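Pasting a structure below so you can have a look.
For this depiction, one protein chain was excluded, whereas all remaining protein chains were kept in their positions.
A, B and C label the chains in the order they appear, each numbered from 1.
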Amino acid sequence: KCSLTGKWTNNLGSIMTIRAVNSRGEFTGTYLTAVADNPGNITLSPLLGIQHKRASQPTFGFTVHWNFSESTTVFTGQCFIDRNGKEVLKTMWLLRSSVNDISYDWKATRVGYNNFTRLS
Amino acid sequence: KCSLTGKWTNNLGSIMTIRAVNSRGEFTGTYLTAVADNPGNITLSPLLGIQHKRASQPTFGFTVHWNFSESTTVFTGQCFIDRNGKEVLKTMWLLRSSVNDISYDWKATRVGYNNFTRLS
Amino acid sequence: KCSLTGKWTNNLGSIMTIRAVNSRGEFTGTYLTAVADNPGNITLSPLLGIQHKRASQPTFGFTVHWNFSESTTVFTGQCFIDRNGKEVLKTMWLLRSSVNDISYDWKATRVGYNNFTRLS
Partner (left out) sequence: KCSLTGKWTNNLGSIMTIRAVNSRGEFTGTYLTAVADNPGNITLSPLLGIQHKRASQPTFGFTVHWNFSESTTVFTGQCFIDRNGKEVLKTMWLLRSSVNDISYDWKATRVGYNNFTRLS
């Protein structure tokens, strides 16, 4: 079975740490991003999400509230287990920027992907 | 200031209730989707997210753990308030399906938009 | 049958003209966006795409080469016709910006939606 609890890094070098997953599948953690709009401002930021519980290869989502900007990112994906027992999180994300008013809303959402593997 | 707490409907007729937002911007709620892969199966599903606290028009994200499928959706967006105090949540979402293994990962993520307005 | 040829406006006030669709479903046109990173720079920009030919409500895609920036947008969607013969193009888009090298690739893609209706 795949539990998101533990430390993970992604293909861009970001690191996240996820705490205990409760019986609802909820989890909290922290996220240290390797990249940002203004990288000189990067600080460790909180995340909160939910994974499925029964499935051996659960889907999940989480939100990262960046502590150094007005933006928010959400990730969703699935945890896969190899024939050798290795775990990979395949994710896609949306990064929402803050804009001044609704006339700028069209430009406020970036999309991307990330693969994560366990630190140790 | 644009608040997320309350009852919302979107342009597809889905409804959600968001409970009290804590000092860290964290919130829970319940989502009733009007649309699904198998609409006869739809049941109420929990959501968990984070908004920014200081901003008058905060960005936010949340995860919906569907209680009737193996899928997960994440939403991110911004709460806008117009001249008359009317709120709109402008959101984009990713809907993650469960696939059998990593070779099917390519097909697992749907994308879309939703605009939410306050019920009553 | 839902036709793409003609003049269209979207929910943001952008307009486009699509010319004759050939036997392979290929079409050209001109796009005038109402919105840009630098709106004072906006000029008419060419589009080139393909639709399906047999379908009454075809899917399609097209590329807009912005003539005033280094960016490119792609749109994909479907042409729907209601009971009264009114057409709507339901689309999603990706807007690709130019970045300096691959280490910035993560931030280069915006996503959104647009609904188009026929002018006159």
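Annotations
Definition applied: a residue touches a chain if its C-beta (ideal position, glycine included) is under 8 Å from a C-beta of that chain, and two chains touch if they have at least 3 such contacts.
When the full complex is taken into account, the listed residue touching the unshown chain is C:59, out of C:5, C:11, C:41 or C:59. Interface note for the absent chain: among B:35, B:44 or B:119, the touching residue is B:35.
Taking the complete complex into account, C:50 is the one of C:32, C:34 or C:50 that touches the chain left out. Interface residues of chain C with the unshown chain, by the touch rule above, are 24-26, 46, 48-52, 55, 57-65, 70-78, 80, 82, 88, 90, 92-99, 101-102, 105, 108-109, 111. In the full complex, chain B touches the hidden chain at residues 12, 35, 37, 94-95, 106-107, 109-112.
Residues of chain A in contact with the chain left out of this view: 92, 111-113.
Operating definition for what follows: only the chains that are shown with their structure count from here on.
Each chain gets a centre from the mean of its Cα atoms; for chain B and chain C, those two points are 27 Å apart.
Distance between chain A and chain B, defined via averaged C-alpha coordinates, is recorded as 16 Å. Taking each chain's centre as the mean of its C-alpha atoms, chain A lies 31 Å from chain C. Shared contact sites, meaning residues of chain A that touch two or more other chains, fall at 94-95, 109, 111.
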